[PDB]
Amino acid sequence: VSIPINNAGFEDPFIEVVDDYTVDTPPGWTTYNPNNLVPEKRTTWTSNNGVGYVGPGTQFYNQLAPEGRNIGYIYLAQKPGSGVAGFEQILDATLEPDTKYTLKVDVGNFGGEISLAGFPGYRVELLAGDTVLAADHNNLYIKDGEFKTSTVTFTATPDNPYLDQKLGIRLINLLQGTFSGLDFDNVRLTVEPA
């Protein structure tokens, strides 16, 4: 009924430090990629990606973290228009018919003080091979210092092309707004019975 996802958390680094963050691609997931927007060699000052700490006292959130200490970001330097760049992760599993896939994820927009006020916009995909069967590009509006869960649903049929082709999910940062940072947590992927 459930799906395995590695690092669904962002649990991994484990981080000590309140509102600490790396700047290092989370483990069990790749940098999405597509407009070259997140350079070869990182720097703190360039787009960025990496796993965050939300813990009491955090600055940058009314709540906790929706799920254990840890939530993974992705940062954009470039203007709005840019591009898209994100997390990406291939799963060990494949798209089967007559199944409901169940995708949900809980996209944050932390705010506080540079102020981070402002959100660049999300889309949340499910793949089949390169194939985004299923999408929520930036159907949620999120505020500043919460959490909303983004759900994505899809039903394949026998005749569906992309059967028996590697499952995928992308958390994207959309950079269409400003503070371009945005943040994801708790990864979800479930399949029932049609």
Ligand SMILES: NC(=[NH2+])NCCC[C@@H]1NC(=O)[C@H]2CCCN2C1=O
Given for the second form:
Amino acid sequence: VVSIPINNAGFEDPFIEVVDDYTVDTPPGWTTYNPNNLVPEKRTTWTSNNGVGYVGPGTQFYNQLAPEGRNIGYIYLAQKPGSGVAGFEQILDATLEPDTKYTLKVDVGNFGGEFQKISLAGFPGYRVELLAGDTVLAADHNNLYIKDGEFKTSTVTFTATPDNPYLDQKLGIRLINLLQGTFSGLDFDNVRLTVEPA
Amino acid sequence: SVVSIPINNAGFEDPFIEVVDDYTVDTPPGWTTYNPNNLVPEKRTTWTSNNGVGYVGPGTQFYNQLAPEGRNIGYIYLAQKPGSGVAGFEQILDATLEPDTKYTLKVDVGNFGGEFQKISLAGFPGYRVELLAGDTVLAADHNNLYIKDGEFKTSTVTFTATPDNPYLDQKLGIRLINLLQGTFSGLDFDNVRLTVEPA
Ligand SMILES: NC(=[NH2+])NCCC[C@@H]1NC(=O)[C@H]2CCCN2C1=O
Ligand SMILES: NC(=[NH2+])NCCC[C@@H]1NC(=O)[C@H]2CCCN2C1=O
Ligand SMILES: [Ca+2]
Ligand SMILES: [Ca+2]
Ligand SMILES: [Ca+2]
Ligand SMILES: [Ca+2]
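Please move on to the form deposited with the named molecule bound, as the form deposited without the named molecule is already shown.
Now the full complex is given, and it begins with the chain already shown.
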């Protein structure tokens, strides 16, 4: 049960001082997964965007602290449900190796409360993907029910056989806002990828 | 408390098949062919991609067990190379999505093994089980179980519909997909069941 290295796996970079303050730029170590061009290259608050947010004691968004450290990673899409998807992506250095089971865990948060007097009730759905090259090997497409104000752990597993056509391609992770619901924002934290024999 | 949503030919029993490991190459009655990359032709043969039903009984070269339910399984076989697209079965149901309800979808997924005379059936394409309302995938199991040649495992997809869901009163739907992400590129499905449950 060795760990596979992921950059900024808990969105802890950058440091944020004030509770509930946030950035609006792609977190360092991740890129913006943008297959439908929903997220513009330059962002401000109230644009479709992603970034990190500080979920500290006293937070108005949850009934608990961050799953890990201070920060969560978030994705907010302004477009109406059905316009497409967006999220975060990271290609890893680890490659797909035969006779190995991979375990990917990430916590997913449905923030509640109010932003600028706008209700954050509701949820867009999520998908967590494990990749080799650009093939999605296994994914959790929105299986967990997650109430306003709480986080849950999504798990995705996959076993690579010596037959696998994608052996030796680089592993990837995607964390996606599905935009199938409003309020259309969600949080992610504490990305873990563990590898093991069979 | 927990009700069944009726599904046509939910265990692929129609039509009846008499001989061991025999199969049809036509879309199973009650089901549609889900064909977003045109991988499956309208008229099918041995030499092409196809789907249909197959009998799994004593004698079977494909499984270390008998069919999960009744006599038959439903199968999808794709002849194109890995990465070419996906195909599968789809069924639009009578029922529509209701608020404050929890849906559970279960299906047995089969990895047939065996060797048909120099052609090995070892290996597996990958599968996806989808629950739909309208044209929207609410929840899906994308290839999360590991299934050895010759065995079946049960996939479960669950979804809770809240009052604010944009998709209420849309017709529920099911898709069973061959991902074409490995060879040998066939897999089987059985015993499809969908239940509803006050949240
Ligand atoms: N989601 C968090 N944990 N923190 C809030 C980050 C702020 C983030 N960015 C925005 O521009 C606003 C607009 C409405 C919703 N937002 C957001 O979710
Ligand atoms: N899967 C079953 N139990 N039975 C039917 C399998 C038939 C399926 N379709 C075909 O045309 C044959 C050609 C060779 C491999 N085939 C298949 O895999
Ligand atoms: Ca964190
Ligand atoms: Ca919410
Ligand atoms: Ca059956
Ligand atoms: Ca097989």
